[PDB]
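Encoded as C-alpha cells, the following chain is the form deposited in one PDB entry, with no partner shown.
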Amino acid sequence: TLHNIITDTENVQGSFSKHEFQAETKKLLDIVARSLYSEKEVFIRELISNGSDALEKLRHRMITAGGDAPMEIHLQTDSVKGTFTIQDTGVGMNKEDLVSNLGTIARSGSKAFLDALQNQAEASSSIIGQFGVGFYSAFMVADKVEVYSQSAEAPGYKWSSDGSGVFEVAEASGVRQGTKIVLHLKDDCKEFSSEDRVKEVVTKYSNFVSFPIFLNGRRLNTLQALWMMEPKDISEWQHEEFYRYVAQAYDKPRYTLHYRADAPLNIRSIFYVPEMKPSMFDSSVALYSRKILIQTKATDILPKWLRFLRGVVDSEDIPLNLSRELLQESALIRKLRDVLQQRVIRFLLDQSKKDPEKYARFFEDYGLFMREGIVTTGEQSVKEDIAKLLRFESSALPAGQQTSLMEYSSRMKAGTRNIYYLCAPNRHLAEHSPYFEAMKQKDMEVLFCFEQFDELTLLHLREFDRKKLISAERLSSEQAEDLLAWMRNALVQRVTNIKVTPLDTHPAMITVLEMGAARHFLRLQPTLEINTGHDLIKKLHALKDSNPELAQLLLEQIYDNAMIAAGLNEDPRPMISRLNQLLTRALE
C-alpha cells in the first residue's frame, strides 16, 4: 500500500566538467529594484544609511590621519523637475571605488572596511551596510540616477545610469568632498519630490541617525537615541519625552526598564509600561539595529503576553534579512526572547517589593496579560515564573488585601503540600461557599480568586513550586415553617431552596453552591436563607395572610435586596417601579 519511486539506480558514468556559479546581472538588478522591499519609500533609508557610513568612515580616518569640514547629510526635493537629491560630506569615492562599489552587486566597500577594524573601534558598531545591494534601491523609484563624488585623497567624478545593465563615468568639476546623488523620479513615484512626504520617511526609519540630517535647508533629526546612553545620565523627564515619541503616546510611563547587555547579543533597550490602562477603543516595542528602524512592531523578540510593553530594542549583531525589515531564524534571537522574558519578570517582581501599592495598581490594569501568558505558554518552568506576578485574596487574610502564591506557600502548615483556591465573583459568595466552609473547619487557608479568567489560569497553571493547586470545589419554630412554605410558592421558579439561619441586620442572604455557576449567571440555583428574628421577616409573616398583596411586594423586595447584597444583581433597574409601588402602598 506504499508507493515510492525514489531508488538508488544512478551511477556516475564517464568524466565530468567543472563550472563556476554565475549570476545574470540584468535580472538581479530588477530583483533588487522590484522584489526586495515591501515599500518603495525604503530607498531613502538606504541612501541615508550610505551617507551615514561614508561620514563614519571619514570620522574614523581623521582619528589617525587627522585633517580638516562638517559631517552632514542633506536632502533636497524639486517638485517641478521631480527629483530627489541627497548629499553627504563623508569620505567620497574615486573612479576605482565608483566602478567597484556601485557597479558590482553584493560588493560592499563598507563591509570590507568593517572587517579590517579592531572590534573595539567605535565605527565597528555604527557602520550600517552589510550586503552590497542597498544602493540599487534607487532604481525602484528612479528612471535615472546620477552620482557626483569627490574623494578625500589627491579629481571629481560623475557616475550615471538608467539601471538597465549599463552605466557611465566621467570626470567632473566642481564636486564637493563627499557624494551627491540625484534621482530623476518615475511618474508613479513623484511623491518623493514632496517635502512633507520625504520628511515622513526620514522620521520613520532614520530619525536617530548619528549625523545631522537637513531637508531643503532645515534640520529634522533632533532626537537622540536614548537607548544607547548610560542609564544614569538619563533623567525622568527625558524618559517621559522619549516614551511619548516611541509609543506615540500622551501620558507618562509608570515603569521604566533600561536594559543593556552583550550576550547572546549586543542589547541596548528601553521598555516602558504606560500609565494609561488599555481597552477596546484602540504601537508596540520597536526593533532597531545600529540606530535604524527594522520593525515598528517587533515580532520575535518578546513573548506575546509582554505586548503591553512599549519602547525599543536595538541590537548591533542581530541577523538581518536582506530586506532589512525582518530577522532571520536564529537560536540567538530565540535565546534573546527567553532572556528578555526573565529580565522583565525580574523587574516587575522587584517593583512589587519597592512599592506593593503601585504594583497593586499595575496588576489590576495589566494582570490579564500575565494570566494570558500562563495559559498560552507550554513551558511549566516559565508558567511558574510569570505566576510569581499573580495576586489574589485569601481565606486566611482580610478582605481587599493581596498575596502571592509564594506567600501562601510560605504560611502553609509544615506537613502539607497543596494549594487551595476558590474562584468566586466576590468575597460574600466565597465566605459563604459550602465547599469553603469545609476548608474552614478541618483544613485551613484558601486563595480567593475574584478576577476574570483566574480559574482557567490556575487550571492551566496546574503546578506551582512543585506543588498542586486544587479548587476547594422572635419567630417560633412553626410560625417560620408556615412562612417558609408560603415563600417557596411565590418564588417557585427563582430559587431551588429556602432555609433558615443565624444574619443579624440582614433579613435574608443569598448563597450559592457552585461559584462556576454564578459566573454563568453574571455572564443558577440560589439558596435564600431567612433571619426569623428580623422585623421585616416577622412583618412578612404577618402580612402573608392579612395583606397578601402587600407581602408579595415585600417578599420580592427582600429577595432582590439579598441578590444585590451578594453582588448577584449589580444593576437593579428592573425592580424600581415595583419598589416604588411597595413604598406607596406601605405609606398609606
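Whichever C-alpha set is largest while still superposing within 1.5 Å between the two forms counts as the rigid core. Positions refer to the first chain, counted from 1. Compared with the form deposited in another entry:
Only one of 193, 210, 161, 394 has its C-alpha shifted by 2 Å or more between the two forms once the core is superposed, and that residue is 394.
Superposition on the rigid core between the two forms places the CA atom of residue 247 less than 2 Å from its counterpart. For residue 109, a C-alpha deviation below 2 angstroms is recorded between the two forms after rigid-core alignment.
For residue 550, a C-alpha deviation of 2 angstroms or more is recorded between the two forms after rigid-core alignment.
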Contents of the next structure:
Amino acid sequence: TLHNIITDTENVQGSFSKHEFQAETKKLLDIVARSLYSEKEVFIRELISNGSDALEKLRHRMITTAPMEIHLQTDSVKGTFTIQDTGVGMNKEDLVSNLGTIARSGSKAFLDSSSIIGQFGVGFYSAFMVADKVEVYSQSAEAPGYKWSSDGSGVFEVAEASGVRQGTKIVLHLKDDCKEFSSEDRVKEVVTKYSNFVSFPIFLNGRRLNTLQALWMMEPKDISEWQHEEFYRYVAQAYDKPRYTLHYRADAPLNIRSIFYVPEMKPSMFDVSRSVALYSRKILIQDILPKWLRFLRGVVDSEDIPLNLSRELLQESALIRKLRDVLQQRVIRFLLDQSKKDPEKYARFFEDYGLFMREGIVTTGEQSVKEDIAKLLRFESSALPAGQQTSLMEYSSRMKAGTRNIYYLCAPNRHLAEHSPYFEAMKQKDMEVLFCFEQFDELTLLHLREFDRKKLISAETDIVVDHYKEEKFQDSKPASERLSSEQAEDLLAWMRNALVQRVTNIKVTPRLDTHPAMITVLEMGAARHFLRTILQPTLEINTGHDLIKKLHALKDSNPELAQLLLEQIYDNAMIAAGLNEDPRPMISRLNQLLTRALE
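Same protein, different state: after the form deposited in one PDB entry, show the form deposited in another entry.
Next up is only this chain, free of partner chains and other molecules.
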C-alpha cells in the first residue's frame, strides 16, 4: 500500500579522494551585480557603510584631530557618483586582498567596538550594479597612493598614484541605465532613507546633510519631550506630536531597542480600511507588531535578528514571532499604566483608538491574548455614577463569592442603559451590569466569551434563561393595577391572532415597570450582529402598564384602532431591542396611528 524506493543498499568501494571546494569567480561577480540586491539604489548604502567602517577604524587608531567625514559628489554632465572618506585607507596589499577577493572582509580580521557594519566581504561589489567602471584611490595612514580600477568582468589592475588624500575616494562611472544616481535630489533621497543615522558627517556636493541621532539606542532620560516630537515627526512623516511615547529597552530574552508613538491626531478612517521601521546598526532594513497595533509609529531594533546577504531579509521567523509577543505584552502593560496615571487622557485614547483593541480581540485565537487586550477596554457600570468609566478587572473585584458571571448591557448612551427595559428586569436581581456604548462592543464581548474564568452574559440573554428556571420575580405594581388572569389571557389570545407569523410566543412578564413590552431573543447579541447585513422573537407584555391596559379595552372598543396600536407596540419593542429593520416604512403607519388616536 506504500511506494518507497529509498533503501540502505549503497556501500563504499575502495579508497576515497579528498577534494576542496572551489568557486566560479566571474559567475559570482555577475550574481552580485544582477541578482543579490533587489533594488539598485542600495549601492549608496553599501559605500557609505564602508566609509563609516574605515572612519571607525581610524577613530580606534586615534588612541595611539584629522577631519572624519564622508563626501558625496554627483556629476550629471559626466554621469559619475563619487564617495570619499577620510578613514584608514588601504595600501597595496589591502587593495588587492580586500577588494580583489570576494567574501574577504578586512573588518573581520580587525576585531581585534560594535560600530562596524561590514562582515560578509561582498558589499563593495554592489557598485557594479550601477557602474561600468569603478576607480578607487586609497591612501593608508603612515604607509604611497594607489589607484584600483576594474570593470567587474573578472580582472582588476593596481598602479601607484600621487596626490592621494588620506582615506579612500571611489568614482562610479554610472551605466546609461542608472543615470538617476548622478542627480543630487535622487542621491539625497537614498542617503536619508538608509544612512540617516550615520555617526559621521556626510556632505553632498559641499553641503552638509542633516543626519539624525538614533534615539532608540540612547538613554530614555537623556531624551526630552521635544526630541521625541522631532523624531516622531520624522519616523511617522507627520506634522503633529505624539500623545504617548514608549521607549522600550530589553536584553533578555532578546535584545530590544525600540520607541513607539501614538499620534495625537485621531486615525483617518480612510487609512484604517487600507507602520514601524526596523533597523540594524543604524541602517534601515525592511511582521514585527500584531495587526491590531498598526496604529503605532516608531522604530524597532534587535541585534538578535540575523540579516541575509543583501541586508533586506530577516532570517529567524521564530524569533520575530517571539519578538512580536514580547512587544505586544509590553504595549499592553504600557497602555494600562497610562490608564492609571491619567484616566482622563486614556479615555480620549480609547475613544480614538479603541476600535483596534476590539479588532485584536475578535481576530485572535488565543484566549489569554483576548483577555490581555480586554484589560484595555473601558465601560460604565450600574454600580457607579454616570460618566465614571470602569474595567472588567474592576468589575471582577466587586463580584461576590457566589457569583460566576459578568453581566453586560449594550445601549447607545448612559440614559438608554439606565432606563432600558432589560435593565429593569435586571434590577430585580442584585448583580452589577456593565454599560457598553460603542457600536462594536457587543461583538467584542461575544468573541471574548469569558474573562478571568467568568462567563460573559448579556442582560437580554439572562432574561430569557430565567424563563427556563424559577419564577422568582414580583411585579413592580400591586395586583390591583394589573389585568386579571382572565383579562390578560383574553388579551394574549387576541395578540397571537393579530401577530401570527411575526412573533413566536407572546407572554406576560412581571419584570417590567416603565415600558409596556419588550422583545426577547436568547441569542440577542448574535441576532443584532446578523442584522448588520423574520427570526423567532418573543413579545413580553406588562399588564400593569396603562398602554397595555388601554390595549385590552381597545380590542372591544375600537378593534381596528387596537390592531393599529398593537403593531406600533411591537415595532417600538423591536426598535428598543435593536432588531428593527428599516425605520422609514413604519413612519407612515405611525402617523396614521397618531391621527386616529387624537380623534
